[PDB]
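First comes one chain, alone, set out as C-alpha coordinates in the form deposited without this ligand.
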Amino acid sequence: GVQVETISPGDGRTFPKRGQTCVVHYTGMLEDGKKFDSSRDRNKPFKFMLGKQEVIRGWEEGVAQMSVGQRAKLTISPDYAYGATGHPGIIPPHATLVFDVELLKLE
(Lines of atoms letter the chains of each structure in order from A and count residues from 1; the text may use other names and numbers.)
(Lines give C-alpha, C1' and ligand atoms only; values in the text may rest on other atoms or scores of the structure.)
(Ligands and ions follow the chains in the order given, each with its own letter.)
Protein backbone atom coordinates (compact mmCIF):
# COMPACT_ATOMS: atom_id res chain seq x y z
CA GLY A 1 0.00 0.00 0.00
CA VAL A 2 1.10 3.57 0.67
CA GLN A 3 2.27 5.08 3.93
CA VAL A 4 1.73 8.81 4.40
CA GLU A 5 4.04 10.66 6.81
CA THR A 6 3.42 14.37 7.46
CA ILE A 7 6.34 16.74 6.95
CA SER A 8 4.26 19.90 7.32
CA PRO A 9 0.54 20.12 8.16
CA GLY A 10 -2.08 21.41 5.76
CA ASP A 11 -5.34 23.04 6.90
CA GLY A 12 -6.58 19.65 8.17
CA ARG A 13 -10.03 20.19 6.67
CA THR A 14 -9.94 20.34 2.88
CA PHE A 15 -9.40 16.85 1.48
CA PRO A 16 -9.34 16.06 -2.28
CA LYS A 17 -12.54 14.53 -3.69
CA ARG A 18 -12.79 12.29 -6.76
CA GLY A 19 -12.97 14.49 -9.82
CA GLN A 20 -11.05 17.43 -8.39
CA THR A 21 -7.78 18.55 -9.91
CA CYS A 22 -4.88 18.35 -7.49
CA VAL A 23 -1.99 20.79 -7.96
CA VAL A 24 1.17 19.51 -6.36
CA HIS A 25 4.95 19.80 -6.25
CA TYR A 26 6.84 16.55 -5.80
CA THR A 27 10.21 14.82 -5.87
CA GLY A 28 10.37 11.10 -6.62
CA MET A 29 13.16 8.94 -5.27
CA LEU A 30 14.06 5.25 -5.25
CA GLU A 31 14.58 3.40 -1.94
CA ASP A 32 18.24 4.45 -1.92
CA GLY A 33 17.33 8.14 -2.01
CA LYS A 34 18.30 8.59 -5.66
CA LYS A 35 16.05 11.27 -7.16
CA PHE A 36 14.54 10.24 -10.47
CA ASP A 37 11.99 13.01 -11.12
CA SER A 38 10.97 16.35 -9.66
CA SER A 39 8.52 19.10 -10.60
CA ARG A 40 10.45 21.35 -8.24
CA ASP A 41 13.47 21.18 -10.58
CA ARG A 42 11.26 22.31 -13.45
CA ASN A 43 9.72 25.00 -11.21
CA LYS A 44 6.32 23.98 -12.54
CA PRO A 45 3.60 22.36 -10.38
CA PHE A 46 2.06 19.12 -11.64
CA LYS A 47 -1.70 18.68 -12.03
CA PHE A 48 -3.83 15.55 -12.16
CA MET A 49 -7.53 14.87 -11.67
CA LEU A 50 -8.18 12.51 -8.76
CA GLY A 51 -9.92 9.31 -9.81
CA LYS A 52 -8.95 9.29 -13.48
CA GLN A 53 -5.93 7.02 -12.94
CA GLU A 54 -3.61 9.51 -14.64
CA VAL A 55 -1.12 8.73 -11.86
CA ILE A 56 0.03 5.65 -9.98
CA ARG A 57 -2.44 4.10 -7.53
CA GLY A 58 -0.33 5.10 -4.49
CA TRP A 59 -0.79 8.77 -5.45
CA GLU A 60 -4.54 8.43 -5.96
CA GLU A 61 -4.86 6.81 -2.56
CA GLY A 62 -2.16 8.75 -0.72
CA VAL A 63 -3.00 12.26 -1.92
CA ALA A 64 -6.65 11.65 -1.05
CA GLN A 65 -5.50 11.52 2.61
CA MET A 66 -3.73 14.89 2.49
CA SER A 67 -5.29 18.28 3.15
CA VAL A 68 -4.64 21.50 1.23
CA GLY A 69 -1.29 23.00 2.15
CA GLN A 70 0.15 19.76 3.51
CA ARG A 71 3.55 18.41 2.56
CA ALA A 72 4.03 14.71 3.18
CA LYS A 73 6.36 11.81 2.43
CA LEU A 74 4.61 8.94 0.64
CA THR A 75 6.23 5.48 0.66
CA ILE A 76 4.71 3.33 -2.09
CA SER A 77 5.05 -0.41 -2.68
CA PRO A 78 5.62 -1.81 -6.23
CA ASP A 79 2.05 -3.02 -6.60
CA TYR A 80 0.83 0.55 -6.08
CA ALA A 81 3.49 2.01 -8.39
CA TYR A 82 5.11 0.40 -11.46
CA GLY A 83 4.99 -3.30 -10.53
CA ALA A 84 7.18 -6.17 -11.69
CA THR A 85 7.93 -4.53 -15.05
CA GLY A 86 8.77 -1.11 -13.61
CA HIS A 87 9.77 1.38 -16.30
CA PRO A 88 13.06 0.13 -17.85
CA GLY A 89 15.74 2.78 -17.85
CA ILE A 90 14.21 4.75 -14.96
CA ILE A 91 12.30 2.55 -12.48
CA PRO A 92 13.69 -0.95 -11.79
CA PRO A 93 11.40 -3.99 -11.29
CA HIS A 94 9.68 -4.31 -7.89
CA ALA A 95 10.79 -0.84 -6.81
CA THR A 96 9.39 0.81 -3.69
CA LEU A 97 9.14 4.53 -4.39
CA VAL A 98 9.36 7.49 -2.01
CA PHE A 99 7.70 10.79 -2.87
CA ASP A 100 7.98 14.15 -1.12
CA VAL A 101 4.66 15.72 -2.10
CA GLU A 102 3.18 19.14 -1.37
CA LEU A 103 -0.55 19.70 -2.07
CA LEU A 104 -0.72 23.36 -3.18
CA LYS A 105 -4.38 23.74 -4.09
CA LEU A 106 -7.40 22.03 -5.64
CA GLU A 107 -9.18 23.06 -8.83
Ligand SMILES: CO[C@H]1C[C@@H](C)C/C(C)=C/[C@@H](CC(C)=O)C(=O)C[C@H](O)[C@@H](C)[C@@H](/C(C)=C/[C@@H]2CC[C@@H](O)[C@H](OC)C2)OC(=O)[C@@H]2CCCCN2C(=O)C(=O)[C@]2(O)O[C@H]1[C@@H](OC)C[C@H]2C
The other form holds:
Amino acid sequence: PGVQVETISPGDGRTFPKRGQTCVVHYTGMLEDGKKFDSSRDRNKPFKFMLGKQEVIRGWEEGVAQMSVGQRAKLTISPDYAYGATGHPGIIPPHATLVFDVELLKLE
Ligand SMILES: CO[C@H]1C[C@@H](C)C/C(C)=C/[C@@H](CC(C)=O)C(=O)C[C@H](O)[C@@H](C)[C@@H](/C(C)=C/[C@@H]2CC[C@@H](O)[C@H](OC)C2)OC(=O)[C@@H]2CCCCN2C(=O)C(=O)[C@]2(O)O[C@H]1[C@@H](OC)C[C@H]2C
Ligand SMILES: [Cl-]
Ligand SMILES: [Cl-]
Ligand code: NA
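Starting from the form deposited without this ligand shown above, please give the structure in the form solved in complex with this ligand.
Below is the entire complex, every chain and molecule, led by the chain shown above.
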Protein backbone atom coordinates (compact mmCIF):
# COMPACT_ATOMS: atom_id res chain seq x y z
CA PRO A 1 0.00 0.00 0.00
CA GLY A 2 0.94 3.65 -0.46
CA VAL A 3 0.94 4.21 3.29
CA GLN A 4 0.56 2.07 6.40
CA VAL A 5 -0.24 3.82 9.67
CA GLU A 6 0.88 2.17 12.92
CA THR A 7 -0.09 3.95 16.13
CA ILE A 8 2.52 4.70 18.81
CA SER A 9 0.18 6.70 21.03
CA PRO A 10 -3.50 7.37 20.39
CA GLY A 11 -5.08 10.64 19.34
CA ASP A 12 -8.39 12.11 20.45
CA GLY A 13 -10.34 9.68 18.25
CA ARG A 14 -12.48 12.55 17.00
CA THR A 15 -10.61 15.33 15.18
CA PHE A 16 -9.15 14.30 11.81
CA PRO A 17 -7.52 16.70 9.30
CA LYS A 18 -9.72 18.35 6.68
CA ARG A 19 -8.97 20.55 3.68
CA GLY A 20 -8.58 24.19 4.67
CA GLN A 21 -6.90 23.31 7.97
CA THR A 22 -3.23 23.72 8.79
CA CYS A 23 -1.72 20.55 10.23
CA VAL A 24 1.04 21.20 12.74
CA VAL A 25 3.34 18.25 13.38
CA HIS A 26 6.64 16.99 14.59
CA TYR A 27 8.35 14.36 12.47
CA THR A 28 11.42 12.21 12.12
CA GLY A 29 12.12 10.69 8.70
CA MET A 30 14.07 7.47 8.33
CA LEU A 31 14.64 4.52 6.01
CA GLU A 32 13.16 1.09 6.87
CA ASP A 33 16.24 0.31 8.96
CA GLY A 34 15.67 3.41 11.12
CA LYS A 35 18.54 5.42 9.68
CA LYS A 36 17.48 9.06 10.19
CA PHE A 37 17.65 11.53 7.32
CA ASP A 38 15.67 14.48 8.79
CA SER A 39 13.74 15.63 11.85
CA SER A 40 11.75 18.69 12.86
CA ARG A 41 12.26 17.59 16.46
CA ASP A 42 15.99 18.29 16.07
CA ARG A 43 15.12 21.85 14.97
CA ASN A 44 12.75 22.32 17.96
CA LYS A 45 10.27 23.77 15.46
CA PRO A 46 7.12 22.06 14.23
CA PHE A 47 6.36 21.59 10.54
CA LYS A 48 3.11 22.90 9.00
CA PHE A 49 1.23 21.76 5.91
CA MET A 50 -2.25 21.61 4.39
CA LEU A 51 -4.09 18.87 2.52
CA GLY A 52 -5.12 19.13 -1.13
CA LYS A 53 -2.22 21.26 -2.40
CA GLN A 54 0.25 18.57 -3.50
CA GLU A 55 2.67 20.14 -1.03
CA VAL A 56 3.59 16.95 0.78
CA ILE A 57 4.40 13.51 -0.55
CA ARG A 58 1.22 11.54 -1.13
CA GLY A 59 2.03 9.07 1.67
CA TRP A 60 1.69 12.01 4.15
CA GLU A 61 -1.41 13.29 2.36
CA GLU A 62 -3.10 9.92 2.94
CA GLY A 63 -1.42 8.90 6.21
CA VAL A 64 -1.85 12.04 8.28
CA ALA A 65 -5.50 12.21 7.12
CA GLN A 66 -6.00 8.96 9.06
CA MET A 67 -4.61 10.42 12.31
CA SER A 68 -6.55 12.27 14.99
CA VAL A 69 -5.18 15.24 16.91
CA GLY A 70 -2.62 14.20 19.51
CA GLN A 71 -1.80 10.91 17.81
CA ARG A 72 1.75 9.72 17.32
CA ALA A 73 2.16 7.21 14.51
CA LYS A 74 4.67 5.48 12.27
CA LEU A 75 3.83 6.12 8.58
CA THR A 76 5.47 3.56 6.29
CA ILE A 77 5.34 4.99 2.78
CA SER A 78 6.04 3.19 -0.49
CA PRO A 79 8.45 4.76 -2.97
CA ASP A 80 5.68 5.72 -5.37
CA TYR A 81 4.02 7.63 -2.51
CA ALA A 82 7.37 9.32 -1.76
CA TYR A 83 10.39 9.90 -4.06
CA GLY A 84 9.96 6.90 -6.33
CA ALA A 85 12.72 5.56 -8.52
CA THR A 86 14.56 8.89 -8.26
CA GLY A 87 15.03 9.34 -4.53
CA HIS A 88 16.04 12.69 -3.17
CA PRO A 89 19.47 13.98 -4.13
CA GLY A 90 21.82 14.08 -1.23
CA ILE A 91 19.35 12.44 1.15
CA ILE A 92 17.29 9.37 0.06
CA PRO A 93 18.23 6.56 -2.33
CA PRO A 94 16.23 5.41 -5.33
CA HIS A 95 13.29 3.06 -4.60
CA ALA A 96 13.19 3.88 -0.89
CA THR A 97 10.36 3.02 1.45
CA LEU A 98 10.25 5.81 4.03
CA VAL A 99 9.23 5.66 7.67
CA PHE A 100 8.07 8.82 9.42
CA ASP A 101 7.44 9.05 13.15
CA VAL A 102 4.78 11.78 13.15
CA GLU A 103 3.01 13.55 16.02
CA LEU A 104 -0.11 15.49 14.98
CA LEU A 105 0.09 18.38 17.42
CA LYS A 106 -2.83 20.57 16.37
CA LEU A 107 -5.00 21.81 13.56
CA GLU A 108 -5.01 25.56 12.89
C1 LIG B 1 14.35 20.29 5.92
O2 LIG B 1 13.55 20.53 4.74
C3 LIG B 1 12.47 19.59 4.61
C4 LIG B 1 11.22 20.24 3.98
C5 LIG B 1 10.65 21.41 4.83
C6 LIG B 1 10.78 21.19 6.37
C7 LIG B 1 11.33 22.75 4.42
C8 LIG B 1 10.60 23.35 3.24
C9 LIG B 1 9.28 24.04 3.56
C10 LIG B 1 11.13 23.22 2.02
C11 LIG B 1 10.54 23.70 0.71
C12 LIG B 1 11.58 24.28 -0.29
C13 LIG B 1 10.92 24.88 -1.51
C14 LIG B 1 11.81 25.25 -2.67
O15 LIG B 1 9.71 25.10 -1.57
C16 LIG B 1 9.84 22.50 0.12
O17 LIG B 1 10.40 21.68 -0.59
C18 LIG B 1 8.39 22.39 0.50
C19 LIG B 1 7.75 21.01 0.28
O20 LIG B 1 6.34 21.26 0.31
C21 LIG B 1 8.17 19.95 1.35
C22 LIG B 1 7.59 20.26 2.75
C23 LIG B 1 7.79 18.50 0.96
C24 LIG B 1 8.35 18.11 -0.40
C25 LIG B 1 9.86 18.02 -0.53
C26 LIG B 1 7.47 17.90 -1.39
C27 LIG B 1 7.81 17.58 -2.81
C28 LIG B 1 7.28 18.77 -3.66
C29 LIG B 1 7.53 18.51 -5.16
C30 LIG B 1 6.85 17.18 -5.58
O31 LIG B 1 7.11 16.95 -6.96
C32 LIG B 1 7.41 16.00 -4.77
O33 LIG B 1 6.69 14.82 -5.17
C34 LIG B 1 7.43 13.59 -5.14
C35 LIG B 1 7.17 16.24 -3.25
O36 LIG B 1 8.25 17.58 1.98
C37 LIG B 1 7.53 16.45 2.11
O38 LIG B 1 6.54 16.22 1.45
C39 LIG B 1 7.92 15.43 3.15
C40 LIG B 1 6.81 15.21 4.20
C41 LIG B 1 6.66 16.44 5.13
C42 LIG B 1 7.98 16.66 5.89
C43 LIG B 1 9.15 16.83 4.90
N44 LIG B 1 9.15 15.74 3.90
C45 LIG B 1 10.23 14.93 3.72
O46 LIG B 1 10.22 14.00 2.91
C47 LIG B 1 11.49 15.12 4.45
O48 LIG B 1 11.64 14.56 5.53
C49 LIG B 1 12.56 16.00 3.87
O50 LIG B 1 13.80 15.74 4.50
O51 LIG B 1 12.10 17.31 4.23
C52 LIG B 1 12.97 18.36 3.80
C53 LIG B 1 12.89 18.41 2.25
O54 LIG B 1 13.65 19.53 1.79
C55 LIG B 1 13.26 20.00 0.49
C56 LIG B 1 13.45 17.07 1.73
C57 LIG B 1 12.66 15.88 2.32
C58 LIG B 1 13.31 14.55 1.87
CL1 LIG C 1 0.95 25.31 5.55
CL1 LIG D 1 -0.08 26.42 2.01
NA1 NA E 1 4.44 25.19 -0.28
